[PDB]
Structures are given as C-alpha cells and as structure tokens.
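Work the whole structure out from these sequences, hints included.
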Amino acid sequence: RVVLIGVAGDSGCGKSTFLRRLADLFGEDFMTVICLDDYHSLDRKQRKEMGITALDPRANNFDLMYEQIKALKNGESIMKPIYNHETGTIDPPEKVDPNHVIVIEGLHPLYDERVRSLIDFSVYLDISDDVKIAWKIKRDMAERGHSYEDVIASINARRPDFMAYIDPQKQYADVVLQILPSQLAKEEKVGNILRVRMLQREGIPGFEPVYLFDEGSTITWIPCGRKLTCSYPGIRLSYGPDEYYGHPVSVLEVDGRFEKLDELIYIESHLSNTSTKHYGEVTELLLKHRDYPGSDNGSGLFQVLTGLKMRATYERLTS
Amino acid sequence: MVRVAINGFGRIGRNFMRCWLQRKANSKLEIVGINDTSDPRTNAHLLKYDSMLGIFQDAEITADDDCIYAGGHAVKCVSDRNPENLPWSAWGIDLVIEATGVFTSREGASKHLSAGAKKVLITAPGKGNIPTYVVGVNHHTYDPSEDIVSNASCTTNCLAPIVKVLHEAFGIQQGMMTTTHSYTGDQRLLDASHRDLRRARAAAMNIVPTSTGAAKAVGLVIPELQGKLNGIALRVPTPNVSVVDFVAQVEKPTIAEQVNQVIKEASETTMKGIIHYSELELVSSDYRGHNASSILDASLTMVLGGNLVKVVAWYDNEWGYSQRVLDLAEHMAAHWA
Amino acid sequence: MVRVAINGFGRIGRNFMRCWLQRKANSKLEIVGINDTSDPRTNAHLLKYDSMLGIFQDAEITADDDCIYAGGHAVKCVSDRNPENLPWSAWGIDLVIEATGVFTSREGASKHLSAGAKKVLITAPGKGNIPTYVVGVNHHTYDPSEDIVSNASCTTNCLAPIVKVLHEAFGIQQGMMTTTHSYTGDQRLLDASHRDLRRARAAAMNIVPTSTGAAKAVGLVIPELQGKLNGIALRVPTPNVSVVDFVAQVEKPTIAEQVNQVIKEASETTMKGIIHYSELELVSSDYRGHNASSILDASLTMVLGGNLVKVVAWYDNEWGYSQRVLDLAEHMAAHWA
Amino acid sequence: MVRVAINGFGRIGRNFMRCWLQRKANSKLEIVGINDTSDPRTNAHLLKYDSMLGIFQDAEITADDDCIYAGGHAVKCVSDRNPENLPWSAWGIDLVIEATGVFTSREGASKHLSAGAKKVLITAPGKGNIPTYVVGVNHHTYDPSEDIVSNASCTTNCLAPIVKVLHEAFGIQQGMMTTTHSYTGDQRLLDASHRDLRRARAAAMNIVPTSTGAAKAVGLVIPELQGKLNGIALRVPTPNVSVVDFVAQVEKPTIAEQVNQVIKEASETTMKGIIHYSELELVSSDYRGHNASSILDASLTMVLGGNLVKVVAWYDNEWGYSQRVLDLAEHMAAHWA
Amino acid sequence: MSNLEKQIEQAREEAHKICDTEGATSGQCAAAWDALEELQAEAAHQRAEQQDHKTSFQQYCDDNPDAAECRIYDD
Ligand SMILES: NC(=O)c1ccc[n+]([C@@H]2O[C@H](COP(=O)([O-])OP(=O)(O)OC[C@H]3O[C@@H](n4cnc5c(N)ncnc54)[C@H](O)[C@@H]3O)[C@@H](O)[C@H]2O)c1
Ligand SMILES: NC(=O)c1ccc[n+]([C@@H]2O[C@H](COP(=O)([O-])OP(=O)(O)OC[C@H]3O[C@@H](n4cnc5c(N)ncnc54)[C@H](O)[C@@H]3O)[C@@H](O)[C@H]2O)c1
Ligand SMILES: NC(=O)c1ccc[n+]([C@@H]2O[C@H](COP(=O)([O-])OP(=O)(O)OC[C@H]3O[C@@H](n4cnc5c(N)ncnc54)[C@H](O)[C@@H]3O)[C@@H](O)[C@H]2O)c1
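Heads up: the protein sequence lines correspond to chains G, N, I, K and H, in order.
Residues 7 to 325 in PDB author numbering are what the first sequence lists, from first letter to last.
Residues 1 to 337 in PDB author numbering are what the second sequence lists, from first letter to last.
Residues 1 to 337 in PDB author numbering are what the third sequence lists, from first letter to last.
Residues 1 to 337 in PDB author numbering are what the fourth sequence lists, from first letter to last.
Residues 1 to 75 in PDB author numbering are what the fifth sequence lists, from first letter to last.
Watch out, some of these pointers could steer you wrong.
As the list claims (entries may be wrong) - In the SDA-like style, the derived pairs of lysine to any residue whose C-alpha atoms are separated by at most 25 Å in a straight line are:
1. 144/G / 5/H
2. 21/G / 12/H
3. 195/G / 151/G
Simulated from the structure, these hints should not be mistaken for laboratory data.
As structure tokens, this is what we get:
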C-alpha cells in the first residue's frame with residue numbers, strides 16, 4: 007500500500023524539526039521526503055522577468071506533480087525534477103522509488119484539489135508574525151550578516167499575496183498548529199516561550215481528537231500544585247471546542263516552558279486518545295533528542311502528538 | 001573505644017585493615033587482633049603490597065614474629081584454625097570480624113562467643129536464621145543484644161539499596177538479577193578437584209556460571225519481597241570489580257528517564273554514600289576503589305512496556321564491601337550495649 | 001555447483017573457510033574467491049594456524065602470491081578496499097559473503113551486485129530494510145529474487161530460536177536479554193582512540209558494557225514481537241565463547257521444569273542441529289567448536305511467579321555463527337533461481 | 001619557558017601529559033599542542049580515566065571541540081594525519097614530541113621541522129643515523145644543534161644503565177638479553193591480519209616471541225659495545241609492566257654479591273633516579289608507576305664460572321619511559337640553543 | 001560562501017532600488033523581496049550545514065571505516 011502525508015508551511019522544505027521528529031518516530035527507511043520547491047515552473051531569472059514570487063499558482067507545474075503523485079500509488083519509481091537552489095535553475099530529474107510512507111511538503115501541498123482528494127492526512131503549520139520576527143532576528147544575528155530591520159519591511163511585503171495564496175489551504179487541512187507569543191511571560195525577548203495551539207478537526211474517521219479531560223467543553227488547566235513544584239512561569243494548558251471557518255474543531259493549547267521531567271510526564275498522563283501502545287511514549291519521544299529546538303516548550307509536544315496521530319492513521323490504513 | 005579483631009586475614013581482612021588505616025581518626029574502633037593461617041611475617045608483606053590496590057603509601061608496615069607495626073600502631077597476631085583456643089578474653093575483644101568463609105553457621109560463629117568474645121560480625125550470608133543487616137537499608141533496626149550479626153554477600157550488599165529505592169518509589173511484583181561477578185578465591189586456578197563442579201574449572205579462562213541465593217537475601221533484609229527475588233551469577237576473568245544486572249517487574253508504570261531521576265535524587269537525599277550516580281560512559285576498571293556500594297550506570301537503564309525495568313550497577317566486591325563492613329562495625333560501636 | 005566468494009578474510013571468513021573444508025562433500029558451494037587487506041602469503045598462515053581452533057589437520061594449506069592451495073583445491077585471492085574494482089564477473093561469482101563489517105548498508109553491499117556479483121549474503125545486522133534470515137526460524141520464507149540477504153548478529157542468531165520456541169509454546173508479552181559476550185576485534189587492546197567510548201577501553205582488563213539493537217532483530221525475524229525485545233551486552237575478557245541471559249514475561253503460567261521439557265523436545269523434533277540441550281554442569285570453554293547455535297543450560301532455568309522465565313544459552317559466536325552462515329548459503333544454493 | 005607539542009596522543013602521549021601534570025612547577029616546558037586521530041572530546045576522557053593508572057585526581061579535566069582544559073590550564077588540540085598541514089609556526093612550537101610510531105625515519109620526522117617546528121624528540125628507535133640519547137647514560141653528550149633527537153625503545157632505556165654500570169666496573173666481552181615484555185598496542189587482539197606473523201596472533205592468549213634490534217641500540221648509546229649485544233623479546237599477557245633478563249659475559253671475574261654491591265652503590269651515587277635497587281621479593285604489579293627506569297631485582301642475580309653474569313630488571317614501559325622522555329625534554333630545554 | 005555572499009548584498013541593493021522606485025506595494029518588488037528571502041534561506045541552509053561540520057570521525061570513517069578507530073561490531 008501507499009500512504010500519504012501532507013505538511014504545509016514556509017519553514018523551508020526539509021528545514022523544520024517536525025520532519026526530524028517524524029524521522030525519529032518512523033525512520034527514513036520507512037519514509038521518504040519530497041520537497042515541493044522542485045516543481046517550480048521557471049527560475050528566479052524568470053521570476054524577476056515575470057515579476058512574480060515563488061508562491062504563484064502559475065509558478066508550478068501542478069499537473070506533472072499530480073501525475074507523479076498518482077503514479078506513486080501504483081508502485082512505480084517516480085522521476086522527479088530538482089530545483090537547483092543556489093542557481094535558481096532546474097536539475098534534470100532523479101529517479102526515486104516509493105516507500106511505505108510518502109510525505110509531501112511545501113508551500114502548495116494542498117492547493118490542488120485532486121491531490122487534496124489524494125492526501126491521506128494533512129498538516130498545516132502556522133506561525134505568527136511576531137515569532138517570525140524573533141526567528142529572523144536569530145537568523146541574521148547568529149549569521150551576523152547585518153541585514154536586519156528592513157527584513158521587517160520584507161515581512162509585510164511578503165504578507166498580502168501569502169494570505170491569498172497559502173492561508174486558504176488551512177480551511178482544508180486536518181491539523182493546524184499556531185504558534186503565538188506567550189501571554190504568560192512578559193519580561194523576556196519576544197521569542198523565548200511560545201503559546202502554541204493545535205487546532206485539530208473532527209469529522210474524517212480514524213483521526214480522533216486528543217481531549218483534555220472532556221470532549222467538548224473548554225477547560226484551562228494549570229498542573230501546578232500538590233504534586234508539582236512549578237518554576238517560573240510554569241505551564242498553563244487549555245482546551246476548547248470551537249468552530250473554525252465553520253468546521254468542527256477542538257483546540258488543544260499549551261503555554262509555558264518545560265523545565266524538567268516530572269512536569270512533562272504528569273501532563274502526558276492526563277491527555278486522552280493520544281494513541282500510544284506504550285506508557286509515557288510521548289515523553290520518551292520528547293527526550294530522545296534534548297538538543298532539538300523547541301523541545302522545552304509545547305511545540306515539541308504538539309509536533310510529536312501530530313506525528314503520533316500519523317502513526318494512528320498509518321495503522322488504520324495498513325490494518 | 002572498642003577493641004576489635006579480625007578472623008581470617010584474606011581479601012576482606014586486608015581490605016578491612018586498609019580501610020581502617022584510611023579512616024583512623026573518626027573511628028571508635030581499634031584493631032587489636034588478627035589471625036590467619038600464615039605467619040606474621042608474610043601477611044604484613046601482603047598487606048603492604050597488594051597487587052590490586054597497589055603499594056600502600058600513607059603509613060609504614062613492618063612486622064616481627066609476634067606483632068605487626070602498622071604506622072607505629074601495634075597490632076597483635078596469632079595463628080590457629082581452632083576458634084576455641086584463641087586468646088579473646090586475654091586480649092579484651094568486644095567485636096570479632098568473621099571473614100574466613102568457614103564459620104557461616106550460628107554454631108560455628110558462636111565458638112568465638114564461647115571462647116571469650118562479646119560480639120561477632122560475620123561477612124558472609126550465614127546459614128540459619130542469623131540476623132542480617134545492610135548499611136543503607138536496615139542498619140538501624142538491629143537490636144544491640146544481637147551479638148551474632150551478619151552482613152550479606154557483596155552482591156546483595158550492592159543490589160538491596162537499588163531494590164529498596166525501586167520498591168518504595170514504584171512497588172515491585174517480581175524481580176530477577178544476573179550479576180557478572182569477578183572471580184573470587186574459591187575457584188581453582190587450573191582445572192582442579194573441587195566440591196562444586198562449575199567452580200572446579202579454570203578461572204582465568206572461563207565464564208563459569210553459578211547459582212546463588214544471595215538474591216534471596218534481599219528478601220531477608222526487605223521482608224515484604226521474600227520469595228520474589230532470585231538470580232544467578234556469572235564469574236568472568238576480571239580480578240577486581242563486578243557489575244550486576246537487575247530486572248524488576250514493577251506495577252506502577254513509568255519510563256526509563258524517571259527511574260534514573262528517582263535514583264539520582266535518592267543518591268542525594270537518603271542513599272548518600274551508598275549509591276553513587278554516574279552519567280559517564282565508564283568501564284569496569286574505573287571503579288577500582290570507589291567508595292559507594294553501588295554505582296548506577298545511567299545510560300543502560302531501560303523500561304519495556306511500562307512495567308518492566310532493567311538497571312545495571314557497578315560495584316567493587318573487595319573495597320566497597322569492606323567499606324560497608326567497617327561502616328556497620330562503627331555503627332554497632334556507636335550503639336554499644 | 002555454486003561459485004561463491006568471501007569479502008574480508010577475518011574471523012568469520014577464516015571460520016567459514018574452515019567449515020567448508022570440513023563440510024566439503026555435501027556442498028553445492030565451491031569457494032573460489034577471497035579478498036583481504038593482507039597479501040596471500042599471510043592469510044594462508046592465519047588459516048592454518050588459528051590460535052583458537054588449533055592447527056588445522058585434515059588438509060594441507062599452502063600459498064603463493066596469487067592463489068591459495070587448500071588440500072590441493074585451488075582458490076583465487078586478491079586485495080582491494082574498493083568493492084567496485086573487483087573481478088567478480090571475471091570469476092563467475094553467484095554469491096559473495098560480505099564479512100568485513102563495513103558494508104552494512106544496502107548501498108554499500110549493492111556495490112558488489114553492481115560490480116558483477118549475483119547475490120550477496122552479509123553477515124551483519126544491516127542498516128536499512130535488508131531482508132534478514134536466521135537458520136532454524138525463518139530460513140524458508142526468503143524469496144529467491146532477494147539477492148541481498150542478511151544474517152543477523154551472533155547474539156540474535158543464538159537468541160531467536162529460544163524465543164521462537166517460547167513464543168509458540170507459551171506466548172510472550174515482553175522480554176529482556178543480557179548477553180555476556182566474548183570480546184570481539186572491534187575493541188582496542190590498550191586504551192586507544194575509538195569512535196565509541198566504551199569500546200575505547202582495554203579489552204583484556206575490563207567488563208565493558210555496550211548497548212545493542214541485536215535483541216530487536218528478533219522482532220524482525222519474528223514479526224509479532226517487534227518493539228517488545230530489548231537488551232544490552234557485556235564484553236568480558238574471554239576470547240571465544242559467550243553466554244546470553246534471557247528474561248521473558250510469558251502469559252501462560254508454568255514452572256521451571258516444563259520449559260526445560262519443551263525446549264528438550266524441541267531440540268529433538270524441530271530445532272535439531274540448531275538447539276542442543278545439556279543437563280551437564282559444563283563451563284564456557286567446553287563449547288569451543290560446538291555445532292549448535294544455542295546450547296541451553298538446563299540447571300539455571302528459573303520461573304518466578306509463574307509468568308516470568310529466565311533461560312541462559314551458551315553459544316560460540318565464532319564457530320556456530322559461521323555454521324549458520326554456511327547453512328544459509330547452502331540453503332540458498334538449494335533454492336537458486 | 002619552552003612551548004612543546006605532542007604528536008599522537010596514545011599511551012606514551014597520555015603518560016607524558018600525566019607526568020607533566022604531576023611535574024608542573026619545576027618545568028620549563030608548557031604543553032600547548034596535541035594532535036590525535038580522535039576528536040578532542042574523546043581523548044580528554046581517555047586522559048582522565050586511564051584503565052591502567054586509575055582515575056586522575058589532582059586536576060580537573062574537561063574539553064570542548066577546540067581546546068582541552070586540564071586543571072584550568074588550556075591546551076590546543078587538532079586532528080590531522082598529514083604532518084605538513086599542521087599549525088606549528090602558528091602556535092610557536094619549539095619542540096614536538098613524536099609519539100605515533102609512524103615517523104621513525106629522518107625524512108618522516110623532518111616533516112615537522114619543515115612545517116614550522118624547531119626541534120623534534122621522537123620516542124622510538126628511529127631508522128637511519130638519528131642521534132639517540134638515554135637519560136642516565138649519555139644525556140649530556142648531545143649537541144644542541146641536533147634538532148632531531150631520538151629516545152630509544154623502553155627496553156633499551158631500561159637495559160642501557162645496567163650495561164653502563166657493568167661495563168665500567170667489570171668490562172663486557174659479549175652480552176645477551178631476553179626481555180619478557182608486556183603486550184603493546186601493535187598486536188592484534190584476536191587473530192587478525194598483520195604485517196608480521198608473530199604479532200598477528202592473539203595477545204591475551206599467547207606468549208608471542210619477537211625479534212628486536214633494541215638490544216643493539218645499547219651499542220649506539222655505548223659506542224664500544226656495538227655489534228656485541230643482541231637479544232629477543234617475549235610478549236606475555238600482562239598489560240603494563242615488564243622484566244628484562246640480561247646475560248653478560250664479563251672478563252674481570254667476580255661473584256653474585258659483588259655485582260649487587262656495585263649496582264647498589266651506583267644507585268646511590270650516579271644512577272640516582274635512574275636505577276632503583278630492591279632487596280624485596282616483589283612481583284610485577286608492584287612496579288606500576290615506579291619512577292625509576294630500572295629496578296634491579298636483587299635475589300635473582302647470579303654468576304657462573306666467575307665470568308658470566310645474569311641480572312634481571314623490572315621496568316615499566318609505559319610510565320618510566322614517559323618519565324625519561326620528559327626528563328630528556330627538560331634537559332634539552334635547559335640547554336636550549 | 002563567496003558567490004551567494006555577494007549575491008545577497010546585490011539583491012539587497014535591488015531591494016532598496018526597485019521597491020523605492022517602481023512601486024512600493026505591487027508584485028514586482030514583492031517578487032524582489034521574495035527572491036532576497038530565498039537567498040537568505042539558502043544562506044540559512046548553508047549555515048546549518050556548516051554548523052554540522054564534523055571534525056574527524058565522519059571523515060576518516062566516511063572514507064576508511066574498517067580502521068581500528070571506528071570498527072563497530074554492533075553485536
Ligand atoms: N572475595 C570477595 O570479594 C568477597 C566479597 C564479599 C564477601 N566475601 C566473603 O568473604 C569471605 C572471605 O573472602 P576472602 O576473599 O578474604 O577469602 P580468602 O580465601 O581469599 O581469604 C580467607 C583467609 O582466611 C584464612 N582462613 C580460612 N579458614 C581459616 C580458619 N579456620 N582459621 C584461620 N584462618 C582461616 C584463609 O587461609 C585466608 O587467609 C568469604 O565468606 C567470602 O564469600 C568475599
Ligand atoms: N567477531 C565475531 O565473533 C562475530 C560474530 C558474529 C558476527 N560478526 C560480524 O562479522 C564481521 C567481521 O567479523 P570479524 O571478527 O571477522 O572482523 P575482523 O575485523 O576480525 O576481520 C575483518 C577482516 O576484513 C578486513 N576488511 C575490512 N574492511 C575491508 C575492506 N573494505 N576490504 C577488504 N577487507 C576488508 C579486515 O582488515 C579483516 O581482515 C563484523 O560485521 C562482525 O560484527 C562477528
Ligand atoms: N607501548 C609502550 O609501552 C611503548 C614503550 C616505549 C615506546 N613506545 C613507542 O611509542 C610509540 C607509540 O606508542 P603508543 O602505545 O602510544 O601507541 P598507540 O598506537 O597506542 O597510540 C598512538 C596514537 O597515535 C595515533 N596516531 C598514529 N599515527 C598518527 C598520525 N599519523 N597522526 C596522528 N596521530 C597518529 C594513533 O591513532 C594513537 O592515537 C611507538 O613508537 C611505540 O613503539 C611504546
């Protein structure tokens with residue numbers, strides 16, 4: 007069989023740690039990675055000539071990617087082209103073979119509707135603009151390129167078509183992870199502690215939600231107290247039924263910074279329908295890689311929760 | 001000050017003497033008598049030049065045929081195999097340290113009590129209902145009228161603090177162990193005639209297995225786990241240090257990191273000086289002479305299915321066991337009756 | 001008759017060659033090519049004078065700089081580290097036996113397939129989804145178009161028949177293992193620089209522990225137990241033979257005698273030639289050169305609480321593993337496609 | 001103060017570093033550069049935890065990927081096998097200590113001189129007419145423009161002071177030696193492929209003999225005995241220390257007591273700190289870490305026929321040889337030109 | 001990096017020029033800043049791969065694995 011997983015976000019294709027957590031979960035033996043900048047129509051020269059970004063529905067051969075994607079189901083080794091990233095040009099293609107798990111990730115994994123009918127499980131990954139700025143400050147600060155504070159003006163110039171081109175895809179994804187500045191902590195820089203939330207969608211079977219103590223009644227839980235000595239500022243979870251874009255969703259939400267072990271196992275003991283064959287398996291998957299960015303906050307929690315639901319969908323698809 | 005004696009100046013006796021020479025100032029114990037089957041000229045040499053702990057350095061060792069001068073401190077010495085002909089009341093002996101591996105019975109060890117000694121601490125798992133005590137688990141709960149006390153084996157003395165911590169934190173249903181043990185003096189060097197056949201074979205050549213009941217001695221020192229702990233031992237050609245594997249079946253489920261956290265904080269609150277915790281990738285010979293009675297190896301701890309835990313513990317069965325013997329001896333000196 | 005080759009004339013290669021010299025008449029295999037990083041003068045000497053299996057006696061070993069005459073039988077020999085420059089199609093090679101410990105990947109081992117070889121049998125737990133097969137468990141279920149097959153490690157090759165018998169007779173929920181392993185060639189002799197720190201230390205001196213995934217390879221060769229079997233290894237200073245401890249948590253309760261009965265009759269019906277059953281009090285060096293891939297030690301089998309079993313198995317990781325390699329090679333010769 | 005460097009952070013390098021950490025205050029040498037084929041994270045661990053000399057205790061050892069902090073003292077560290085790409089003039093290196101066992105030729109060792117180092121001291125008997133110097137025999141007679149100097153082997157470094165004393169006191173016609181040598185890192189652990197066949201066999205199992213010319217190096221460091229001294233070596237499974245037998249044919253006749261008297265007074269007048277004299281019945285492991293480069297064993301010295309003498313000398317080929325290397329390095333620092 | 005090291009500053013000059021001159025809010029200079037952000041993204045991809053520069057072992061065991069420094073008989 008062929009299963010398929012759609013990831014959506016502008017974190018750079020193969021440049022986000024969610025794929026790394028999926029690699030720790032499945033293994034690169036069982037899955038292969040497909041970037042989606044490879045199906046660009048023409049180059050950055052023709053982007054400058056046509057005056058167009060890399061976000062245009064003109065800018066990709068959306069039909070040949072569909073033909074290779076449908077041929078992925080039939081077992082044959084696909085021949086996919088490669089965007090030469092340094093030059094902006096296009097490599098003559100590479101013949102790669104299908105695997106047990108196939109992923110699809112790029113700026114438009116979901117813009118096509120026939121592949122939206124093809125993708126077995128979908129993830130959009132949203133980022134608020136504040137932690138965009140806080141990540142670009144780290145981007146041009148660690149490199150010391152000295153290109154800051156007009157990239158601020160690149161943000162809002164990149165903004166308007168992006169909301170037209172990309173953001174209506176989240177109206178069709180299953181799970182969407184938003185990352186916000188933390189309401190809890192104020193006297194830091196604006197990107198230390200994240201306020202993350204995984205708006206997951208009901209409906210489509212196999213995918214359960216992961217509900218905190220009750221399906222469908224908003225519950226804001228702080229695990230500090232008689233059995234956990236919370237540091238500053240500690241965790242503040244949330245939950246809530248909601249209808250996002252007129253669709254039955256269930257936001258599960260975490261604010262805070264995981265400072266130690268027991269506060270991360272105590273949270274995991276109380277989530278429900280998390281689909282583990284193993285007690286504390288989510289905590290083990292958190293602490294197999296202490297060095298990954300975002301393990302100390304809820305981003306690494308939610309990414310591995312989504313990947314664990316991907317295990318659930320894979321077990322549903324392969325019996 | 002308590003005048004103490006040593007029966008059998010072997011490995012445990014030489015290590016006991018060396019430990020007391022390294023812990024002299026804080027001691028209510030004064031070692032005044034030893035007896036081995038050797039003359040006093042030889043065992044002073046064997047005390048000074050240990051081929052495992054190197055040459056002793058701090059104090060001067062010399063002897064003549066009646067006494068041994070260790071660092072200016074004199075100690076008496078005699079040689080007899082009959083425990084009944086021994087000058088105990090002539091020397092004023094409160095506590096004798098049985099370390100021959102011969103007198104494991106109550107009736108055997110009580111020969112010193114009859115011959116004029118007041119208390120006996122035997123460094124072996126004794127036959128019969130001898131009260132056994134491990135420092136760090138139940139070294140408090142001895143009655144001071146119990147004059148014949150027993151420290152358990154080195155394997156039990158290592159394993160029981162870990163089992164105490166895991167039983168208090170998680171609760172234990174069952175538990176196995178398999179200690180990879182250094183070769184001891186009982187094994188014959190070449191293939192020679194011996195009472196047990198698996199100890200009859202060569203020690204430097206072979207992994208010889210043996211069945212031990214020293215896992216069950218944890219069920220003595222922890223009463224609510226008796227009949228639930230059993231294990232075997234593997235003697236491999238390493239001379240000094242050993243490691244013990246321990247498989248427990250806990251019932252409160254957990255992960256591999258949490259048991260390491262539990263034992264790490266237990267190393268710093270209650271089992272301090274008993275259990276050391278090491279997150280290094282060390283090997284066996286980096287534990288020759290370590291003071292703790294169990295070094296938990298952190299990187300190998302694993303949990304399968306939530307309710308099945310495996311730990312491994314380095315321990316030195318010649319130095320740390322002697323340290324626990326001397327700590328038990330001082331702790332019975334502090335509550336002399 | 002199938003023309004076969006050997007990549008890497010190390011311990012596994014020399015034992016493979018010696019086994020084929022002792023099983024020549026019943027063989028559809030003719031060994032026609034070897035390659036080591038040494039000249040052909042040296043490795044013929046190392047074949048004849050093994051310091052573990054003694055001097056070879058049955059056939060005469062000699063060599064010159066281009067061929068090796070073993071008992072009158074000629075065999076070709078070359079030296080190259082690049083697998084792509086090797087005369088395979090020039091020699092007519094169906095099956096090459098990867099034994100360097102280098103080419104564990106599919107892309108590494110497939111270099112021989114590209115260079116002109118038809119099938120490759122790699123004697124290592126390979127990285128990536130390489131089809132693994134153990135003689136006595138699932139040596140039937142290979143598809144003959146699978147040209148790149150892998151035998152597992154020696155520990156897995158010993159452990160998996162016992163786990164097969166206990167899973168069929170009792171059913172297994174979880175299972176640990178702790179193999180007391182003989183030292184292999186990867187460890188540095190003195191304390192030298194090495195990629196992993198616990199293998200960097202001295203081999204003759206130390207119980208060095210190591211983490212292995214070779215327990216999980218049983219979950220490959222038995223599919224319904226994957227993710228349920230894990231264990232560590234202990235390398236002790238014995239040169240040849242090793243023993244594996246195995247703790248399983250069965251669910252159908254039983255006693256210690258019954259599992260011995262089950263494995264004893266499985267030794268005589270299905271696992272004949274794989275599992276030997278010994279009710280002797282032997283020790284390690286009485287298994288140098290034993291033909292079975294697991295000798296179950298009978299006197300140490302124990303069951304606590306009905307649902308928790310421990311077995312131990314002697315196995316020779318240099319001779320019996322070579323025997324299983326040669327049996328798998330002949331069994332793929334008998335179903336050549 | 002002389003900025004010095006270490007090529008090859010093996011046994012001799014780790015012992016050299018440990019010796020300089022124990023002789024820091026009286027040193028005109030500051031160790032500023034090392035290079036091994038390992039990363040700087042591993043060899044700091046191997047420096048701190050030596051499985052032969054125990055855990056280092058006096059100073060703290062830590063590292064990151066570019067430098068190593070030994071007791072607060074920083075030292076640089078790099079990794080390259082080409083000696084020509086090495087930052088010597090970038091680091092200001094007067095003396096580099098060749099200890100890889102690779103660069104024994106003049107043209108090999110002179111690559112460091114070309115790459116920007118001022119003097120090289122190689123810790124091996126070098127091929128070709130490299131000026132060799134032994135501390136205690138002819139450490140005075142070096143010309144300071146000789147930038148490429150060689151210390152001899154450990155066997156020569158032990159044997160030559162005894163031969164100097166016996167040649168001055170009695171006069172030597174001929175002389176044999178047979179050193180019972182501890183196993184070194186060059187031998188393969190199991191029977192693996194190797195350039196010389198007698199080093200190809202197992203080290204922990206075997207007395208492997210080898211032919212050495214290191215007896216003839218005494219004929220280099222003592223010129224009037226060249227072509228008169230020859231001997232073999234026996235590698236036995238002891239890890240650290242070794243003993244050398246020495247049979248000389250003197251011409252001035254004497255008895256066994258008189259040569260002991262001569263060497264005893266030479267231990268107290270001229271060879272002080274080089275030759276120690278021991279009238280104890282010690283054994284091998286009581287010389288791990290001894291500072292002298294030869295401990296003469298007194299009870300075994302014998303003379304047959306007046307003109308035929310045999311001595312035996314304990315010596316540590318990993319610690320005392322490093323001590324003589326560091327003494328030669330300081331002695332060339334004291335006469336820097 | 002020298003080529004993209006120059007090209008990022010060249011596209012930065014163009015970002016100052018074309019989006020002050022030919023319309024600050026239209027598709028042209030939005031394509032220009034999109035290009036410059038992709039150049040920055042490939043600088044990031046170069047940066048992270050040079051952070052993961054191995055020192056010696058994934059070189060000397062990349063080319064010659066069976067040396068005694070990195071034999072692993074994971075058995
Ligand atoms: N070997 C260890 O590391 C270790 C660890 C824990 C406990 N123990 C226990 O310690 C005891 C002794 O161990 P060991 O290694 O010192 O033993 P050992 O045999 O090496 O030394 C015992 C000494 O006692 C002498 N001796 C024996 N019987 C005697 C008698 N009747 N009268 C006088 N002297 C006598 C022996 O000749 C020898 O000198 C045994 O019970 C052993 O099981 C040993
Ligand atoms: N040692 C055991 O008892 C044992 C048991 C089971 C499996 N194995 C596996 O067998 C393999 C080899 O074991 P071994 O003890 O024979 O190893 P070894 O290192 O003792 O011998 C391997 C031989 O292959 C040579 N070699 C290495 N790379 C080569 C290359 N690229 N080209 C040509 N020759 C090359 C080596 O120089 C040596 O001659 C390893 O995968 C090991 O894990 C070993
Ligand atoms: N082993 C002894 O006790 C002893 C005694 C006297 C003299 N020596 C001589 O000392 C030398 C080294 O002895 P050892 O035991 O330290 O050797 P070793 O092999 O144990 O250690 C040598 C170290 O140098 C490294 N090395 C080798 N070639 C290198 C190169 N080209 N560039 C960088 N690093 C390199 C090795 O990988 C290892 O880290 C040999 O000449 C030996 O004969 C040894």
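Each hint tested on the structure:
Restraint check for residue 144/G and residue 5/H: satisfied, since their Cα atoms lie roughly 18 Å apart, inside the 25 Å limit. Taking the CA atoms of residue 21/G and residue 12/H, the gap is near 23 Å; set against the 25 Å cutoff, the hint holds. Taking the CA atoms of residue 195/G and residue 151/G, the gap is near 21 Å; set against the 25 Å cutoff, the hint holds.
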